[PDB]
Amino acid sequence: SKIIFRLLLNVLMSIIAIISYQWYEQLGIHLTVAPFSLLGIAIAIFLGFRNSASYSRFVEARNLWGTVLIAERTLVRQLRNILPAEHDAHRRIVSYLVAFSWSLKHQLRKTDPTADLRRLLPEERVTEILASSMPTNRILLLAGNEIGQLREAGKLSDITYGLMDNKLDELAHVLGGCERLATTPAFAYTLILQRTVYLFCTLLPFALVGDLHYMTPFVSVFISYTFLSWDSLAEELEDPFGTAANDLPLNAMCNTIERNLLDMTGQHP
Amino acid sequence: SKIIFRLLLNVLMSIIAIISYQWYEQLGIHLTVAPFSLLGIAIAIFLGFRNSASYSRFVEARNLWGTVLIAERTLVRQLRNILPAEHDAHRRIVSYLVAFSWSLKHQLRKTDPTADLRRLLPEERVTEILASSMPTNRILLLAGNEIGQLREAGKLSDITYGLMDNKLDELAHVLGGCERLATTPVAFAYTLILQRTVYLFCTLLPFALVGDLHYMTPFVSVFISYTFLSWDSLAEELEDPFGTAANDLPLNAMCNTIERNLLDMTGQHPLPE
Amino acid sequence: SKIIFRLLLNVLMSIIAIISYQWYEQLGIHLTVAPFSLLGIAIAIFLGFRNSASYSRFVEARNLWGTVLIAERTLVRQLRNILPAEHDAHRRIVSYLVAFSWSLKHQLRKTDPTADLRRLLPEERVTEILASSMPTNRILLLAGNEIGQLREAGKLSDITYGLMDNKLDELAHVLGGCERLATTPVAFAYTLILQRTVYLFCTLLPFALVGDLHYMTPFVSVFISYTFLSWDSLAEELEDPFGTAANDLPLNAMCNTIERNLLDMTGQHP
Amino acid sequence: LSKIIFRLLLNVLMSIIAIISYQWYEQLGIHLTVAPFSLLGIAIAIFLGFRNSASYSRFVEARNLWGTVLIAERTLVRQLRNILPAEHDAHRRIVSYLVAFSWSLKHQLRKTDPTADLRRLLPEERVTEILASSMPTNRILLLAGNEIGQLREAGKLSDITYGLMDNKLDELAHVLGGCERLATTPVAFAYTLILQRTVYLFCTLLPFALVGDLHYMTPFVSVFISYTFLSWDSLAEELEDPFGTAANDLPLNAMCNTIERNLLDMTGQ
Amino acid sequence: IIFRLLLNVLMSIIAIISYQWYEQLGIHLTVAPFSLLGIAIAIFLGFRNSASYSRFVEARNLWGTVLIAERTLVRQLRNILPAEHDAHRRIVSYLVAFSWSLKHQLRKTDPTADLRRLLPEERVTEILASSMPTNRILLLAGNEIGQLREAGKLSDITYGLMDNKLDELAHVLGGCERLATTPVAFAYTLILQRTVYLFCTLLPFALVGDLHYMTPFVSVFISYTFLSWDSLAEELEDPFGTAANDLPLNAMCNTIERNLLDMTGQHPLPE
Ligand SMILES: [Cl-]
Ligand SMILES: [Cl-]
Ligand SMILES: [Cl-]
Ligand SMILES: [Cl-]
Ligand SMILES: [Cl-]
Ligand SMILES: [Cl-]
Ligand SMILES: [Cl-]
Ligand SMILES: [Cl-]
Ligand SMILES: [Cl-]
Ligand SMILES: [Cl-]
Ligand SMILES: [Cl-]
Ligand SMILES: [Cl-]
Ligand code: NA
Ligand SMILES: [Zn+2]
Ligand SMILES: [Zn+2]
Ligand SMILES: [Zn+2]
Ligand SMILES: [Zn+2]
Ligand SMILES: [Zn+2]
Ligand SMILES: [Zn+2]
Ligand SMILES: [Zn+2]
Ligand SMILES: [Zn+2]
Ligand SMILES: [Zn+2]
Ligand SMILES: [Zn+2]
Ligand SMILES: [Zn+2]
Ligand SMILES: [Zn+2]
Ligand SMILES: [Zn+2]
Ligand SMILES: [Zn+2]
Ligand SMILES: [Zn+2]
Ligand SMILES: [Zn+2]
Ligand SMILES: [Zn+2]
Ligand SMILES: [Zn+2]
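Residue numbers (the UniProt record's numbering), protein chains in the order written: chain A, 22 to 206, 208 to 291; chain B, 22 to 294; chain C, 22 to 291; chain D, 21 to 289; chain E, 24 to 294.
In silico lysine-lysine, BS3-like type, Cα no more than 30 Å apart, as pairs: (1) D:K176 - E:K176; (2) A:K176 - E:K176; (3) D:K23 - D:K131; (4) C:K131 - C:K23.
Partner residues aside, some chain B positions facing chain C, computed with beta carbon under 8 Å: (5) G61; (6) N72; (7) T95; (8) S178; (9) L234; (10) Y236; (11) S251; (12) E258; (13) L259.
Hint data in this document are derived by calculation from the structure and do not stem from the laboratory.
Backbone N, C-alpha and C fix where the C-beta goes; we use that ideal spot for every residue, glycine too.
Use the sequences and the hints to build the structure in full.
Here it is in structure tokens:
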């Protein structure tokens with residue numbers, strides 16, 4: 022958030038514009054507003070569409086995480102409703118579902134899931150999970166064996182197994198959607215558009231000065247602020263899985279998921 | 022609204038601009054229209070996309086609430102169609118479905134669900150529900166218990182149980198979606214910045230217009246201002262869909278419809294079932 | 022088409038503006054184009070987005086009606102494919118399905134479904150349906166009973182019952198979707214504000230076009246007003262999809278299509 | 021079809037008129053500045069933008085529905101092969117229905133005679149049943165459904181596997197309804213014509229408004245702008261008839277051939 | 024792009040040194056008409072880019088579904104039939120073959136080496152003999168699932184759960200094939216590109232009256248803004264074109280192979 026830096030440099034560029042207006046018609050240099058109107062409206066259009074895309078990715082990310090909570094709540098719901106007495110199963114599945122959420126956070130944050138895993142699962146499971154090119158996937162497989170074994174033992178039918186299998190499928194879709202949003206970056211343009219906006223804002227006073235004279239800085243900074251604010255919104259929407267204040271609060275969301283699942287299985291945080 | 026204040030303040034700034042125009046050249050200050058055009062067009066473009074995001078949130082809230090009515094109607098339809106004789110289960114499940122709606126409403130309004138729940142559920146359940154940090158979720162789990170019991174007693178097969186389970190799933194998506202929409206909107210921070218940008222734009226505008234319009238300044242300036250502020254205020258009215266304002270969702274009426282709907286669909290006759 | 026009114030109304034102001042221009046200097050009033058460019062462009066942007074929303078609402082209402090035809094077509098196909106000999110059950114269910122659509126139309130037009138119900142259903146059922154304050158919903162429930170009976174009788178299994186149950190769900194989504202779109206549209210209030218803004222703008226516009234256009238004022242002004250008024254009125258047309266106007270959804274025709282479909286050839290099938 | 025080249029020629033002519041008739045503009049009091057035409061052009065571009073968006077989406081939807089036919093038919097055949105590998109008679113019958121469905125859909129949307137295609141694929145008895153119907157394509161689905169219906173009655177399909185295939189007939193029904201929906205007069209088609217006339221009027225007036233500024237340049241600039249608006253506007257009419265036979269409508273014949281070839285490929289024919 | 028920028032500079036010089044001549048003869052270019060046109064062009068490019076982006080997102084989503092569906096199908100095989108490792112390995116081969124085969128089909132490259140490395144020779148012959156190889160692979164995968172069903176190792180229910188996944192892959196195949204053909208408004212895109220090109224080359228002549236020697240600077244900047252946006256659109260429209268960036272597609276086919284070898288304990292290397 023060196024937007025305040027970019028403003029100050031604008032005020033500076035404005036002063037340089039006023040000062041150097043003295044030599045403007047002489048060097049053979051004239052700068053009108055109308056060409057900058059054209060360019061500025063074009064950039065605003067492009068910024069409008071770009072931000073629209075950024076916003077949508079951020080919302081999709083928030084939604085995918087939304088689905089983790091919904092699908093996990095419902096899997097636990099089904100286990101209790103279908104197998105009310107299998108409390109061991111209840112607890113092991115819950116510990117996989119909770120491990121899934123934390124490991125999803127670690128995967129997207131590019132951090133180590135070991136501590137969280139060790140808190141939740143026996144060490145043999147941790148080892149098996151850590152060895153996988155995709156830990157969240159191994160957890161889904163392991164949650165799968167729990168309902169799998171219940172099915173082998175005749176406690177679930179093929180139908181009731183399928184109802185719960187569908188929830189693991191839904192979690193696979195969340196996993197896939199997040200990995201798609203993480204490793205998605208023509209982000210190359212987000213930077214190009216940014217430099218465009220920067221260059222435009224810094225050239226702008228030079229074009230305004232002929233008309234506004236001493237008023238240049240105020241108008242220049244006002245227009246710069248509007249474009250720079252809008253442009254920086256994109257930047258803040260473009261790393262939804264990051265650690266910045268305006269990124270998704272994944273730690274808090276994992277705590278909510280865990281709290282919900284412990285609540286449903288009669289445990290106290 | 023506060024908009025009439027904003028218009029009147031704009032008239033004032035216009036009159037100041039007319040009367041302070043004289044001192045303009047003396048202070049060496051020019052304000053042309055062209056840079057304000059650029060700025061205004063930029064702001065309008067941004068307001069367009071912003072409002073589009075606001076509208077979408079409101080429409081989603083509305084769809085989520087539409088889903089409750091649909092999912093609950095069909096769950097009751099399925100119970101009557103599949104277990105026509107099981108009136109006690111019908112009444113238990115209906116009262117959970119109605120409790121879910123009211124509970125959802127209270128949670129989003131951050132109001133006390135107690136009256137509505139006491140009105141609908143037996144006391145052993147009501148205290149269990151208010152014991153949770155997640156009452157609405159608890160109510161779904163209890164509705165699930167009902168159909169779970171019909172399964173265990175052989176009244177529902179695994180298949181017919183499945184058909185009803187799927188409807189509990191739809192209600193779960195509603196709960197999750199509503200909860201997501203209830204937390205601070207995405208990039209709210211900017212919506213506030215934009216509003217301030219619009220405010221500053223409207224109030225600086227006459228100073229830009231005056232050199233061209235003179236006394237006509239107030240008329241044109243408040244007109245432009247009304248256009249920008251009306252559009253910007255629409256976004257505020259759309260952003261709290263679960264709020265208590267009249268422009269927000271009539272959640273109370275919606276929960277009444279749901280209740281009346283499910284009561285309509287059931288009732289009458291005793292017998293061992 | 023009070024666009025023809027507003028256009029003439031606009032041609033008046035255009036004359037006024039030609040007869041005043043000189044007298045502007047005497048009253049101390051200048052009105053340049055540029056401020057009106059800014060304001061007109063903003064309005065166009067907001068009109069664009071607003072129309073988009075209106076259009077989306079219209080299209081959704083159209084798709085929901087499409088679903089009625091699709092889901093009713095496939096429910097009857099399932100009955101024919103799974104229980105080919107059960108012609109009595111076919112007739113009964115088909116009449117509920119046909120009653121569903123007409124009942125949905127009446128609900129959305131706020132008209133009396135009594136005649137249509139009596140044409141299709143037993144009187145006992147017509148009274149049952151009219152008793153409900155949600156009659157379309159009651160029809161689905163009644164359609165479901167037919168399917169339910171066939172399952173209790175063991176003619177459908179749980180699986181094949183489930184296949185048909187899904188189609189009743191689909192019709193439930195349509196009922197719900199339509200009820201949602203029938204209620205006063207999102208921020209309807211603003212479409213009325215935008216409408217007034219467009220009007221005022223078109224009215225004030227010639228007063229600011231004179232200085233540039235002189236005599237050409239009424240022509241260019243009426244052209245601009247048509248463009249903005251055309252587009253705004255389109256919103257009006259799209260906003261009430263279940264209305265009775267000629268530009269609203271042809272609900273009677275669509276209900277006729279559904280009926281002819283389900284009764285294709287005295288309801289006979291290979 | 022391509023009447024734009026006309027409108028361009030009419031535009032060059034109005035440019036020549038404008039130049040010639042410019043002098044007499046005074047002593048009448050008729051001026052045309054660019055600025056009000058800037059306002060009008062921009063408003064038109066915005067509306068063209070939104071309108072073309074809807075036209076584009078409708079054409080995309082027509083293409084997607086046809087794509088669903090390929091997908092749903094592939095998988096129905098796949099399912100039949102995988103579930104009943106030995107039942108080649110049923111394979112051939114169901115395939116001929118699925119192929120018949122495709123061609124009949126095309127005939128329906130083109131309002132052409134399906135008879136020869138139907139006869140090349142099905143026995144006369146079935147062709148008779150199909151053509152007797154007021155809704156032939158829908159009746160083909162019913163017949164396809166009776167084929168899988170019979171396999172179910174004979175116990176070769178269980179209810180579960182009958183269900184898997186029934187779902188594909190549902191998809192085909194969504195395609196049929198969707199196409200019938202798209203085949204009817206577009207939402208607000210009337211405005212499309214209104215917008216067209218607006219663009220035409222604007223384009224023919226434009227050179228009168230530029231001549232003041234551009235003199236002899238008028239014809240070249242007015243035609244460049246006119247082309248731009250007319251190119252964009254004519255994209256609507258290019259996208260508004262997806263089922264037609266023009267070069268830029270969907271190649272339904274080739275698509276039906278692709279469908280047929282795929283199904284024949286999958287059944288060793 | 025850069026060649027169109029330098030030509031823009033060259034047109035600007037031509038504009039400066041010739042400005043005097045032509046304006047004398049009664050041929051004027053002002054800024055306002057080019058402002059109208061440029062803004063209209065920008066509006067059109069906005070909408071165009073919007074369609075380009077949406078095609079791109081669909082491609083990403085379709086390939087996302089390959090990973091999801093293939094992962095869950097293999098998970099189902101292990102959860103439902105834990106002991107059936109031969110069947111596991113065969114099906115994994117078909118799934119991995121499907122992905123590589125899809126990529127080859129979309130890129131129009133030769134799938135033979137990927138097929139020959141994954142599958143028995145007889146099966147490769149069958150697949151290469153078909154005009155729809157990727158579809159043939161789906162059919163073969165379905166065969167494996169269908170065989171376990173005939174042997175009564177899958178019930179109809181559990182067979183069904185897996186059949187659903189094969190369906191997801193059928194929708195990926197077709198969506199990608201549809202995306203692979205020429206875009207719906209491709210002809211206009213050619214028109215708009217040329218329209219941007221001509222606008223950029225004429226622009227200096229419209230500016231020079233106002234900017235003089237500054238003309239090459241403002242002209243090159245405006246041009247860059249328009250051509251960047253156009254260029255981005257070109258890339259996005261064509262997620263499987265023969266000019267595409269192959270990194271993500273290759274990445275994805277490798278990720279899924281790795282994932283499935285992991286899931287069937289073919290990794291890591293034994294002790
Ligand atoms: Cl769920
Ligand atoms: Cl528990
Ligand atoms: Cl439902
Ligand atoms: Cl009851
Ligand atoms: Cl009842
Ligand atoms: Cl259907
Ligand atoms: Cl499919
Ligand atoms: Cl065959
Ligand atoms: Cl001249
Ligand atoms: Cl075969
Ligand atoms: Cl294995
Ligand atoms: Cl394994
Ligand atoms: Na970050
Ligand atoms: Zn779900
Ligand atoms: Zn438990
Ligand atoms: Zn899936
Ligand atoms: Zn539903
Ligand atoms: Zn009852
Ligand atoms: Zn009792
Ligand atoms: Zn209380
Ligand atoms: Zn004066
Ligand atoms: Zn359907
Ligand atoms: Zn019959
Ligand atoms: Zn004049
Ligand atoms: Zn005059
Ligand atoms: Zn004159
Ligand atoms: Zn499908
Ligand atoms: Zn065969
Ligand atoms: Zn055509
Ligand atoms: Zn294995
Ligand atoms: Zn590995």
